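*Asks:* Spelled out from the first residue to the last, the chains are:
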Amino acid sequence: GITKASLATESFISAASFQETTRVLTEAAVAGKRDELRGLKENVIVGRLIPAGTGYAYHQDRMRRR
Amino acid sequence: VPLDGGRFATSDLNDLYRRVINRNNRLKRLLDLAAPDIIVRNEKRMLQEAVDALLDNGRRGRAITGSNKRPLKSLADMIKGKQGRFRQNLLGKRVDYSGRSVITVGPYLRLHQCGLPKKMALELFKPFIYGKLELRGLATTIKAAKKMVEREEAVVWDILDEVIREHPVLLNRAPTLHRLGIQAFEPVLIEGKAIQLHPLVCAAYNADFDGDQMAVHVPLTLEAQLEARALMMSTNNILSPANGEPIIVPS
Amino acid sequence: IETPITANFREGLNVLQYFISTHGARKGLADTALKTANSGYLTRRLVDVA
Amino acid sequence: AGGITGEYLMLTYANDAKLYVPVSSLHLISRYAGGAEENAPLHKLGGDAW
Amino acid sequence: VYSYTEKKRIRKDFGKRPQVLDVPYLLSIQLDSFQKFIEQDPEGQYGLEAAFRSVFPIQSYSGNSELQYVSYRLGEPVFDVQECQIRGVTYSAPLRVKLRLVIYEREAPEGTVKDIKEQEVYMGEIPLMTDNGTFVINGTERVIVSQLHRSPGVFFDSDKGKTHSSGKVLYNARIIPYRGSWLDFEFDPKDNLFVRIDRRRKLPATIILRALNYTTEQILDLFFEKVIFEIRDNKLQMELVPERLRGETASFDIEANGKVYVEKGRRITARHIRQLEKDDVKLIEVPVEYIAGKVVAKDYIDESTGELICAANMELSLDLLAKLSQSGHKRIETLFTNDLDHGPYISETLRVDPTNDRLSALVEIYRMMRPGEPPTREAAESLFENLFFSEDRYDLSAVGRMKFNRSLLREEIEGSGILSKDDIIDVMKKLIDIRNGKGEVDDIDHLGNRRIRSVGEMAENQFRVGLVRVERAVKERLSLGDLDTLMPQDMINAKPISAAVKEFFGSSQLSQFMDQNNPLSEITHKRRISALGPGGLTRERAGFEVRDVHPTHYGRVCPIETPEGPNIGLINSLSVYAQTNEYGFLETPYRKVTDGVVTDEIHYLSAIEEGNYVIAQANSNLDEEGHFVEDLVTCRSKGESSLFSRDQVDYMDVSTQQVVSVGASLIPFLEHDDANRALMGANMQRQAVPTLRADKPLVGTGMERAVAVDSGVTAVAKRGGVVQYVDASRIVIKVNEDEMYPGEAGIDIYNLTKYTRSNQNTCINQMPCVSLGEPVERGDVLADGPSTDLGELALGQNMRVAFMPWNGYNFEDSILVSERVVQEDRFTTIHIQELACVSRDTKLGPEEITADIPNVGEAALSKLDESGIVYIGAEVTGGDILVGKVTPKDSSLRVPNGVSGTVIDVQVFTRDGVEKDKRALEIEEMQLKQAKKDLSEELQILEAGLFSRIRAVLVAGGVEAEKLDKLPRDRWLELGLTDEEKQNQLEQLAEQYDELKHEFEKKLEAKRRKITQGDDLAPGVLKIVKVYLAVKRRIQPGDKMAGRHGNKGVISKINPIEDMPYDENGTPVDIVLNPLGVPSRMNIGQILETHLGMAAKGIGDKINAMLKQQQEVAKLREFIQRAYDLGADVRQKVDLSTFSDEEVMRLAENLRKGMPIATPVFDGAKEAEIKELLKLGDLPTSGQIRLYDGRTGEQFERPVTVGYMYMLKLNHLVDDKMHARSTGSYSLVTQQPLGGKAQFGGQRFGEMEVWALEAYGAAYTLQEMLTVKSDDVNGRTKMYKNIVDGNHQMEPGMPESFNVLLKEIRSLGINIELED
Amino acid sequence: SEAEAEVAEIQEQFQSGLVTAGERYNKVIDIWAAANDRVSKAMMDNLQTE
RNA sequence: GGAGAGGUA
Ligand SMILES: [Mg+2]
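Protein chains in written order, with my numbering: chain A, 1 to 66; chain S, 1 to 251; chain E, 1 to 50; chain X, 1 to 50; chain W, 1 to 1316; chain G, 1 to 50.
Please keep in mind that the hints were generated in silico from the structure rather than gathered at the bench. Note that CB positions come from ideal geometry on N, CA and C, so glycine has one too. Incorrect hints may have been included.
The calculated EDC-like cross-link candidates involving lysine to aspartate or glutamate, where the alpha carbons are at most 16 angstroms apart (straight line), are [unchecked claim]:
#: 1; chain 1: E; residue 1: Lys35; chain 2: W; residue 2: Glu564
#: 2; chain 1: G; residue 1: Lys27; chain 2: E; residue 2: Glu2
#: 3; chain 1: W; residue 1: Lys1023; chain 2: W; residue 2: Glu915
#: 4; chain 1: S; residue 1: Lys119; chain 2: W; residue 2: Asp1216
#: 5; chain 1: S; residue 1: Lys82; chain 2: A; residue 2: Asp61
#: 6; chain 1: S; residue 1: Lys73; chain 2: W; residue 2: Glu1304
#: 7; chain 1: E; residue 1: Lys27; chain 2: W; residue 2: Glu1149
#: 8; chain 1: W; residue 1: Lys278; chain 2: W; residue 2: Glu243
#: 9; chain 1: W; residue 1: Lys1166; chain 2: E; residue 2: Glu11
#: 10; chain 1: S; residue 1: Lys80; chain 2: W; residue 2: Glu564
#: 11; chain 1: E; residue 1: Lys27; chain 2: W; residue 2: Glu545
#: 12; chain 1: W; residue 1: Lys1171; chain 2: E; residue 2: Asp31
#: 13; chain 1: A; residue 1: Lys33; chain 2: W; residue 2: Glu1313
#: 14; chain 1: W; residue 1: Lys1026; chain 2: W; residue 2: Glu83
#: 15; chain 1: X; residue 1: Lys44; chain 2: W; residue 2: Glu120
#: 16; chain 1: S; residue 1: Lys119; chain 2: W; residue 2: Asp1215
#: 17; chain 1: W; residue 1: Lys1102; chain 2: W; residue 2: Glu1149
#: 18; chain 1: S; residue 1: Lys118; chain 2: S; residue 2: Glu150
#: 19; chain 1: S; residue 1: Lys147; chain 2: W; residue 2: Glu83
#: 20; chain 1: X; residue 1: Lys44; chain 2: W; residue 2: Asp484
#: 21; chain 1: W; residue 1: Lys430; chain 2: W; residue 2: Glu120
#: 22; chain 1: W; residue 1: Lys1237; chain 2: S; residue 2: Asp77
#: 23; chain 1: X; residue 1: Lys18; chain 2: W; residue 2: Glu120
#: 24; chain 1: W; residue 1: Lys98; chain 2: X; residue 2: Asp16
#: 25; chain 1: A; residue 1: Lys33; chain 2: W; residue 2: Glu1315
#: 26; chain 1: W; residue 1: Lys1303; chain 2: S; residue 2: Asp77
#: 27; chain 1: E; residue 1: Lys35; chain 2: W; residue 2: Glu540
From the structure, some residues in chain A lie toward chain W, with a derived Cβ separation under 7 angstroms [as the list claims (entries may be wrong)]:
#: 28; residue: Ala28
#: 29; residue: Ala29
#: 30; residue: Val30
#: 31; residue: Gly32
#: 32; residue: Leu37
#: 33; residue: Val46
#: 34; residue: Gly47
#: 35; residue: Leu49
#: 36; residue: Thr54
Model the full structure from these sequences, guided by the hints.
*Replies:* Have a look at this one:
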């Protein structure tokens, strides 16, 4: 379900700003997780261009760079 | 911070930190004094409880209350919930170059424009007015321009009409439910105090005029202005994204 | 209720018919408020998953 | 005084603080000796701040 | 029939039902509760007397002395209401109690009084309720709202198949004492019966059965019906009652009386019972399989061996039957069980019971209560007997015992406050009966289950809670030794009492700030019934059922007036005639109806009794004998409206308007509106701003005189007389010659509160509505308050409206207003603000408030006086200096940025011991001059009132007219007069004057002791100066103005007079409303008010015609007499022939702007009467006229509806809503803009408004809205230097609230970092 | 008036035991719904071509 | 800066 399909995300920030922050970080700290900003919500968190709209061409340019 | 009455705010994190330091220093003194095992064991338990109430207060059996039986706010409570960091200061912020007022109809408008009060537009576009005043040479500093716009001379209104010309503003109604809840508009100066709203976008906004209020945000950059004009202008949102049927239906 | 309101709004509802009308309308208003509080959380859940 | 009705003699000290001496305990009620029966002082009963 | 002072303007009352009970005092609950609090109660059960008698006498534990209570007295308050509001201090009376400390002597036996002292001890200052219901707590008028909570008693309830997933209902029963531990019985999913206390560990109910000295035999005797088996010569002759067989299935050869009655395979039919009783059959022959599973009632022992054969409550068997047969047992007692009507809910508990006798049950209870603490025999018995059966530690209140006995169908509504054995037995019996199938559970929404805790009860409870700490301290001090040097002041401290009282009155959840923008808003805020607060449910954890109106609300709680939004039905409002019972429940009046006559005796039925009787409808047509006209009349029997007979009814409603509240009964034609729109109409009628000139509603209900009188806004005469002197600030009444008291003759003086501010920053003032030398009567109004006209409520204006679309300027809900509406200044409203400038005692010493300020010119200081305080009457605008102040190293109090105004009052407060500047003294001597002036004017007018009455008794008995002024008015005593009762009056009347000569010498000195004294201030502040600004907001597009039927809408355009649609006579329409709001929003009542408003102004336009050209009063007396006729058998019935020929031209002068019309709430003007009233005037009888366009000048097709709708102006002004911010201050912990309008803060681009930018492609707009605009501090200063430099471009970086989140997550043991 | 007469008929049927409680209740609901439909149809026929 | 109360959409 949509409550569990978003907390079982490969990113630990798109699931931490959602419900149960405490249960997400402890599960994602003992696992040594690593968010790679492949989404819309965690680019709002960190303050940079969304990889969807007019900022989509930016993120392709930033990806082929590395 | 002070409460302006000579008294300082509680600042619940300092209370938890101070309690942790107090118990830790007392326990260090007990370790130095070679305390009996039961006393130092009780104090170690109290230090454990103090640290647990500092990290996540209330997760253990009983929370601790500072004033009027209200539990203290810990480090984990500054992240959780609606009032935490994530949902209150990061996913949505408080925004400069913005205003708010009651809406009226003004049915003489076109689909791509909205009314905007003279005072609200003068305050919102203040740095642009400063730029134009320094460009036309009326004030060879920022302070003279600030006093000129606070005096509201008969020249800053032409400066407004210059900076308003093709500068869209984003209008947003309070329960923004879909992407038609924020729409760009072109401002028309009004000698009033109410944001006149074209009566065909009320279907999108769900904005009756029985006392509603609406927020105006000024896109700052050049990319933001072009984004407003291209994507968010109300002459582009004539089809609902939920289904191809029109959303500017005559009401 | 087996006795319906046999008076339109052009004529006058008497006291009992207005009380029954208030039953219905208060039900509707409370339902509207709490359905708003529920649908807000529903759409928040849907946005945060997709 | 707790289910025992009794007779008392009631004295007004300073600040109108009444004191009821039992009629059985009459022998501590002595008359004035200063010779100033209309110029006598009035002691504050209980000795608050004495 | 009428007074002299209602003939000024009499409202044409429509309506057909005669009134039998007039509307009571609307503030009865508040005043009656706080009168039950502060009054001497000789019976000692109400208020302070009950608390003192419940606590005192305090007996010491040492055993030598006790402190008993004598009486109490509330002293005079230090101030009264006006300067309590002015200084900012509580209006309270000092409680003074007479305590009587005994001393018992040690040598004498137990009980002997050495000494007994007594003094009047001061304990706590308790706030006093004002003349209205308001408390002045810290200079701000608050109201304590009555609560609606769960009454103590017993409550049978169930959870309807929402537990254990079995789909089964689990009935439970709570016993809730007023003071004690609750006692819960509940049903297990296996139909077991379980008892618990305080929701502790769950125990079988037979535990508490055995704890009351009950064996198994007595338990089965109580809870079960017996079946007798008689073993005889042939095969189990069983006695069998015939109706025990209902709902059973036959399984054998049912034969008796030599007749085969019922064969097997049958359900036992009713006619089988009928024939078995008709043949009188009692004893049956049954097989042995019918005893194979029954349960024996008592114990059966062999008569010879003396050994237990079968125990009590054992399942019988074949061999068990053999063992009882071999032991000479003839009568065998079993229990009548069933699967439907008599379950074995007790036997199963006994088989779950792990105890067998009383002591084991008591020990099991003891171990349930306190784990550990190894049990003994007294430690369990005393615990149980003090748990439920001790007067000290358990108490059902009077209401608790009443509910307990009423729910159990008892008759005695009084008894012991402790539980009884039969009480618990009846509770279990009733709960088992509910489980059986008979009876119903109790619904908690019922108003016979919820109880009102008004102001007096809650304050008394808080006082008693504070008094418990005091009695603990007193018992401590008494139990310490050496008591002979003590007094009842060293042990008792007033700080717990004052703390526990001031905490409740000041800052509680029910002692809340008053809404004060109407008389209506005050008088309806004092009558809320809140379902929240302490001891009540939560605002956001309340279900769908408590929020809904219940059939019990009829006549007690209004169904339509309730707030919308987060709490609907939790802030319910009282009805009109609703009262509070003796026990706190809500009750409503009803006319007692005999055999066939609707009488006029009024019985107040509570919520519980109302279900037993049958009550007729409010509007059932009775005619001249109390006889109903029909034979199928609508009635309510028990929450079910239905048509009953004519001679069946027991009660009838008092009036048609007892269902609605006070604010919802001001809506004309309420019966035509919807319920949602009536709710909105009431909720917005509570918010109207009092305008510049109050204007009556042409169409009203007649519940407006009651509102404007019962609320304390108007100044109302106390004793009838002649108006001696009217001023703009005072009214002087010379009392008549009979109502005037013999001693202290005097006259009345009413001081009118001028332009002071209310709580909602509106202006409240009182204006005299009486002329000079007008005969006023007792109870008549003298000064109109805010928004009242001639002592009747007038919240807004009544304005010429047209229902038509006008070029989209009234598109959705908007309003199009003529410019003549602004020209007449008829919606201009005064708004008074209060600005405070304080002088903090800080480092480098305090700050001076002198005018000397750096970097300000004379253009700024041109308005301040010499002492640095703005001049009174100086029109200041935004950004001026009101009180100059300097920083000790520009702390001047500035006008808020956007408001204007005229400074109308400056109040300066100073601490006790600070030298005051000349401006403070300038106020001080001007304040002190009035104090001398007011008391002298109090005296010399009263002196004029005494000597006039002294001269009055000189009409006979000593008359020398010339001699009265040979010597002046002072010595009218020793003159020649016969020394009789008349001369007794001269030495009595002048004794008041001599008393007044002593009243002058001490009162004026006392007012000197208050004016110059140093006022109490907060620690840190040295002197406070307060500035008052009066602002006139006129009207402008954006203001929200609404009608009385829930039709809001912002004014959209101020459109000039020539553009308004005029009629065929040239009169322009004032307001152009939208017709499209009428069908969808089903408030039809706004149209009939429009037609009736036009009819009302039709009468006022023909009286104007007969007055503009002077016509003889025989024409006016004729037409006004016709206009007060033409009702369809209305009850008004005025007679203009009894008017004294100058009360008509004074009546017709007030009627020249429209004859007011009273339309009672459900007795409205029928539509045929509106047309007939539209026909008396020469207006068209369809209500719609031909209306011409204002601009093109040609005729609008389809004749449009015009009329005079009464339009309010709500307190949502666009001056207070418009906000703007480019750059300003920022929050400290997170570097984001502040929030609000007071703080110059920016809008919130919230979470839900960010999704609507990701739903577009606006990725550059979204980035700048959360980095550059908001949070990133290093790139928003670069933006400001870029915007001014003509370069629209951001260099965003990272927001500063993300780095706060890292430092907070790293402040745990969690390492969060940023990668390459 | 026709609906009131025929519901009086159903009430008389119930008072003589020919119908149960639930059946009478459902019959009253059905007849009142039919009367509501007839009134609505007459009202629309009076309005839409008046 | 936080709690309590009330209100607008
Ligand atoms: Mg709206």
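*Asks:* Determine for every hint whether it applies to the structure shown.
*Replies:* Tested hints:
1. E/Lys35 with W/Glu564: holds, 14 angstroms
2. G/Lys27 with E/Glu2: holds, 10 angstroms
3. W/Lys1023 with W/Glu915: Measuring from Cα to Cα gives roughly 10 angstroms; hence the hint holds.
4. S/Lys119 with W/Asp1216: holds, 14 angstroms
5. S/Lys82 with A/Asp61: violated, 35 angstroms
6. S/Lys73 with W/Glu1304: Holds, at roughly 13 angstroms.
7. E/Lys27 with W/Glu1149: violated, 49 angstroms
8. W/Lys278 with W/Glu243: holds, 12 angstroms
9. W/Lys1166 with E/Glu11: Holds - the C-alpha atoms of E/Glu11 and W/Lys1166 are around 8 angstroms apart, at most 16 angstroms.
10. S/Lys80 with W/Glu564: violated, 30 angstroms
11. E/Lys27 with W/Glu545: With Cα atoms ~9 angstroms apart, E/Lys27 and W/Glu545 stay inside 16 angstroms; holds.
12. W/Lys1171 with E/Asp31: Answer violated: W/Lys1171 to E/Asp31 is near 40 angstroms, above 16 angstroms.
13. A/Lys33 with W/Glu1313: Since the Cα atoms of A/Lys33 and W/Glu1313 sit roughly 11 angstroms apart, the hinted pair holds (cutoff 16 angstroms).
14. W/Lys1026 with W/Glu83: Roughly 15 angstroms separates the two Cα atoms, so the pair holds.
15. X/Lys44 with W/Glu120: holds, 14 angstroms
16. S/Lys119 with W/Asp1215: Roughly 12 angstroms between the alpha carbons, so the hint for S/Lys119 and W/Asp1215 holds.
17. W/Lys1102 with W/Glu1149: holds, 12 angstroms
18. S/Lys118 with S/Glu150: holds, 13 angstroms
19. S/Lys147 with W/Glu83: Between S/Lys147 and W/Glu83 the Cα gap is close to 44 angstroms, so the pair fails against 16 angstroms, i.e. violated.
20. X/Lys44 with W/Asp484: holds, 14 angstroms
21. W/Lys430 with W/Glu120: violated, 52 angstroms
22. W/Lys1237 with S/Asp77: violated, 28 angstroms
23. X/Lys18 with W/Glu120: It holds: about 9 angstroms lies between the C-alpha atoms, which stays within 16 angstroms.
24. W/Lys98 with X/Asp16: Holds, because 11 angstroms separates the two Cα atoms, which is no more than 16 angstroms.
25. A/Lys33 with W/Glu1315: Measuring from Cα to Cα gives roughly 12 angstroms; hence the hint holds.
26. W/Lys1303 with S/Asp77: holds, 14 angstroms
27. E/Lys35 with W/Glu540: Holds: E/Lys35 and W/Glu540 sit about 13 angstroms apart, inside 16 angstroms.
28. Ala28: With a minimum Cβ separation of about 10 angstroms from chain W (threshold 7 angstroms), the hint on A/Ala28 is violated.
29. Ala29: holds, 5 angstroms
30. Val30: Hint violated; A/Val30 Cβ to chain W Cβ min 10 angstroms, cut 7 angstroms.
31. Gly32: violated, 10 angstroms
32. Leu37: Violated, about 10 angstroms.
33. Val46: Hint holds; A/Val46 Cβ to chain W Cβ min 6 angstroms, cut 7 angstroms.
34. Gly47: holds, 4 angstroms
35. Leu49: Hint holds; A/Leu49 Cβ to chain W Cβ min 5 angstroms, cut 7 angstroms.
36. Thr54: holds, 5 angstroms
In this structure, the hints that do not hold are numbers 5, 7, 10, 12, 19, 21, 22, 28, 30, 31 and 32, in rising order.
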